[PDB]
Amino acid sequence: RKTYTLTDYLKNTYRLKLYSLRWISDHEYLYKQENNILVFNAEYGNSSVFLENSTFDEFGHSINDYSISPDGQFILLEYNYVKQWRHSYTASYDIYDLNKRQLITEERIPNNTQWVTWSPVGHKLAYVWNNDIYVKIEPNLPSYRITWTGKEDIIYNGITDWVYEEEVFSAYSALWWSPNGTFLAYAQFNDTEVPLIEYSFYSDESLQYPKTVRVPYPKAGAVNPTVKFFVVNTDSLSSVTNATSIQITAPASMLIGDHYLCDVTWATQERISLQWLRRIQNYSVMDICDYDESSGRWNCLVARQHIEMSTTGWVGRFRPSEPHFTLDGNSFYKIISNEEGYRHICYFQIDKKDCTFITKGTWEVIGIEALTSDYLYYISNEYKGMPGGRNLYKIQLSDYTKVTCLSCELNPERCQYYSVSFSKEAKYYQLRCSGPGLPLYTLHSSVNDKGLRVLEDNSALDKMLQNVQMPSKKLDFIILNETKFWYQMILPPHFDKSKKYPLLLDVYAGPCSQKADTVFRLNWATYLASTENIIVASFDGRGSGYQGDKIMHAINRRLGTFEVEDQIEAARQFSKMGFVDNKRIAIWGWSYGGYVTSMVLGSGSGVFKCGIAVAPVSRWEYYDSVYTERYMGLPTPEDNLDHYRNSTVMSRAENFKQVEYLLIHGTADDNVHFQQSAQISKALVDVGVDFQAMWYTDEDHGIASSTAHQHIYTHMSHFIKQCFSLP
């Protein structure tokens, strides 16, 4: 048999298969296969061809992505894709009728549009061009302007600014249609007083002078952007006079200082939910607002207002959890950590402030996925008491003791990590199994809860991997200060406990992480074990997620303390197990893991020989406000400046004398500025420590352009092989 090699991973020799589908009705879904968008049927297979390989064959453009209007007439066609940050990007748009086999020509959508969306019923459009919002009742009719305020790097109507895209909404889009599209809600951010990160972009070598990029980006302690919120009524627009947009202003609990808007969620045709959140992120307020068909303004009755606050840390996991209303929009289920530290479902009622918990236990609820008039469906890590694994549950709404696993025992040895995807009224759901066996995608009915057929079993792949010498995964735990803490090892094949193999520690360890899980992946780590016989290990100690607040909030206000000491104390444990060479212990990480790699090599620990750190944070005052202050407070004397300063990589430069270090960064990293590593290399130079570094011209935080991607992973390969002595 052959061994998994570095090239298999770089030329992507052994591809996993998956089954991407869209639902479009309670009965039906879509699936391109050979570029043929088919329409599949859920009960039988009465299935039909919706769109040809070709058709658009003669577009003389690459169709970047597609979208159908939910009434079925039209299709949106996206191309000329030009990326911005993580989720943001600018594109060109053309619409196509399917009852007329024809494409629109008039009032078409202006090139370089920031975002496009359909209403949920019918075929109206909302789009954002040049920071402003536009609406199109019908695709061919002129477009209704809605804002004027929009200005590049100042005002943003209906799109997120830099920081709200990254660490709040995870989206560029900041619009929300009502259920039938009557209204359109939106958001407005203001960066006027927010300062600019500046950096260089070199480009094609043809370019003579290098460009500076200026991005409004508020670092810890700095002036942040502000947020306003409105709802406009789409069903009465005027050819003649402007559009009146009703502001639903925040509550006074929030208006007294820097706050954030963190959630927008419709309940009914005329009832919307808001969540807000103070800059000090331990205090959140929800608000339920009804339409007044007398004054078309919007009421949010203080009785219906809902508080959520934290005594042990910060509200939500990354943000306040999201509420799921019952069809009358008169109660709602929602994730809220109970009073033992564990995250479970609460059933609220629009007008009463106690909630009633419908789940109990030492395990957490990952997500509410769906809601009928007799069942709620949710995802937990309950099965066999493992926080690394995910499974699907339904709960009988007339009797909270009547509760049922639907995935656990379909096939428990191959399958332990499930997502679920629902038909438009939970008549059906697809299930996705990510591991530990080979992904298994399958289809089910909610009535019988009986599975109709297999969609994809990853068999092509199965057959090749009988040809490959492959690694093995212990997942298990160990006990400390009285507590279980999960790790995973990737073990080379024919792995023999006699022998003392070398050990790379793959780290992340930032708040609410999990690196110890039931998932199946072929990755770098697989190559190192398969081909270099290196044990790859990960470890979720304090800070880590899905195991309660007692374990998530340990690091609150004290980042770069317990997550570092825990990575170190787990390496100790691994040495003492004695199939590990206690002189060949290395460590690596990226982003937050690169920081923690950097703090651990700075620690004077004795334990590690080699380190590699990729776009690491080195000093929290350099990261942005919204992520940083959530866990750190504000960097003033009056609050938490002191930990801010003890917690910097720079203060540890002299101890790298004891280790071999490698430091890599993109020159054009918007997220964690090159600044951050600049400051590290400088401190190590000024106390005379030798070390290695690669810059990567013009890459960002992902370093994911194909060629940079082959370089880095090779370069790091050479460094590990080199320090471990592998020939």
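Each form is matched to the other, and the largest set of C-alpha atoms that superpose within 1.5 Å is called the rigid core. Positions refer to the first chain, counted from 1. First, how it differs from the form deposited in another entry.
- The one residue among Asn99, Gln466, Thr241, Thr636 whose Cα position changes by 2 Å or more between the two forms, with the core held fixed by superposition, is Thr241.
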The other form holds:
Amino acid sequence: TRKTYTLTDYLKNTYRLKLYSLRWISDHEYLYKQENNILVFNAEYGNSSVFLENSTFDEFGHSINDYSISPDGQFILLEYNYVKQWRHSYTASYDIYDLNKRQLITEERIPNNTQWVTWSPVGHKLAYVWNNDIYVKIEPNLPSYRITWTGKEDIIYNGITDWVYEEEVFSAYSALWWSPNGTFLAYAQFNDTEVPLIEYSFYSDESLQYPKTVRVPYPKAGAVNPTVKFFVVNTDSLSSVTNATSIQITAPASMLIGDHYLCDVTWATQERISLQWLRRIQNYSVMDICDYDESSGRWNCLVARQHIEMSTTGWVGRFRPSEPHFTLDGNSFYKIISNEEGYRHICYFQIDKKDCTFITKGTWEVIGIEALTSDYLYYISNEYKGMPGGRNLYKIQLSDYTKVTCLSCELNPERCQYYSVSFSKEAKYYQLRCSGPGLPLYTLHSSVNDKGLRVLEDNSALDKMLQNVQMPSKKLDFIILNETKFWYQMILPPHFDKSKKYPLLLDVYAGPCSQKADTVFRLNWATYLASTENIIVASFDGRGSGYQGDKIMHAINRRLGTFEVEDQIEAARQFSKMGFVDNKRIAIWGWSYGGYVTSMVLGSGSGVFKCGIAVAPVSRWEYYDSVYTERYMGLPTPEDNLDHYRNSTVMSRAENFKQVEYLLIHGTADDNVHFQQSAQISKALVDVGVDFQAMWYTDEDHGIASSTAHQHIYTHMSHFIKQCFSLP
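What about the form deposited in another entry, after the form deposited in one PDB entry?
Next comes a single chain, given without company.
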């Protein structure tokens, strides 16, 4: 009897998934790490060479966290002393190694505790942020030019984002942008002077006598937001003037009337930058296209080049206005926007004409634009077979839009339905990444003829190991509700038998534009629960989910905590009605938004669920950040949406929790969804006499991803689920 996929297998990673991570360094060569060695590969033939011997930095005296080769291949940036901050931010030390001289640079070194560093897009210029100020080095071993002097910890951020901009807007810590050839350096300046601070204790090692109080500028819903400013400095003039002038580009009058955000920066050409701004009421955004004026040394944005983007049904963009992709001459660009029918498609824009032309359409959506050449635009969409949970690479001819070729659909339709791509520098080659439903498969392709060059990694090793294991299966399908299709997936136990009644665990997330029903292959907790515990783990994408049009996505506009919560309940009913579900053993669990929804469901009084687990849940929207929360809920004021803000809290449902078994979990150092959110849930439950299970994780954040905590929480949750299901 073959063994099953156990909890230990998941926690110890016995069945390891292989991947192929490469870095394009040109139009036909890429870097690949193999046995601490860094090899360079010729895309066209697959032949390689040792680029950087693994013994090159033995006597460095430091463990190297990561490396970065300058665009011209002349130097290598070595990162060490890595110290994580939020989701993207961290501090580190850096050394620069001269590849030619093969010596390590020891003069004018990058400062320790550098917040961010980046090579210019061409050559080997460096820009970095230290103590909240920007600096630039024209040559690795020469003195830096200070760009800003206003830098101030927790107050003024130059070239780097504050907490909310890092997390909700740019998904990056950096806030600087080199022009295409590196002449200009643009950046944003965030001012958090009046932004309230979230404060929580950090206990650290046992040896710390007094706990530390972490303090971070974090704007909760309706609170004072940070303000922002944008600038551009000409780095080519740095060695000619004592203090180079950072030219400011002010936001349009339509944004200056109130609170607003800088939400996108994209260079069009060497002398043209585009910026998108968004009103604090995220249903109106403006894109400025600015040109350098060589005579005044200033930047001007012609109103005839200004593009407006608004929404009547919801907010703008999936999570923010989409980025523009400019054609080489910078006179036109492509951008994904939802059409008249509410589906996101590629629109072609002339920079000085307000009406764009859609080049794609249909009841499906474009996920992202991946590359653009003078002849073709390549993109990923979920058009194939009408599966919103699938993803494929497409190629559309710019001189004839009726010519669209799917480059990935038919490569291996049974094993691969969820693709990702990585083009080389001039899109001459591309690596395809298949992530499901079968084992991931990585392949390399030639753009000139779209022919497959070779397989890079097929995961045969794992395929062999999984042969002796009773792996569960996955079912992706849909049910119809109100004449609308809604997708779901089920991780079914091995030897599944429709004639039996299985206990069911509803795995939920359900935030706006989410998708929990896809064709991706995963080895996770649900795998163990299905394979070893014979539990059916299901997920449903109802109202509010994404990639299926604005009619479904904007259904929860200004109404979080309603429809996406109800559809999840309805989904469980529908499932039990399928006849292979033990109606007496139905659980639900989720993390983050998933924990909120799980909590809301357990407190609805539906009677459908027996027990549930909420990890790091949101409990009341006024505790979450302004940018994310307000986008879907507007402002928490009586003149706007306060009533629904006060009506969608978990706490007000405390009483119904007497009907279920609940396990509440939260990391104490969660900087994202503050431990405060669970502290208020527990207090509310204690106040109405409700018993439940709880667990805090000392010094863990929203991810509770430290090696030990990760194993501990899933172990703890397994016991709770087995117990609720009366399983040995």
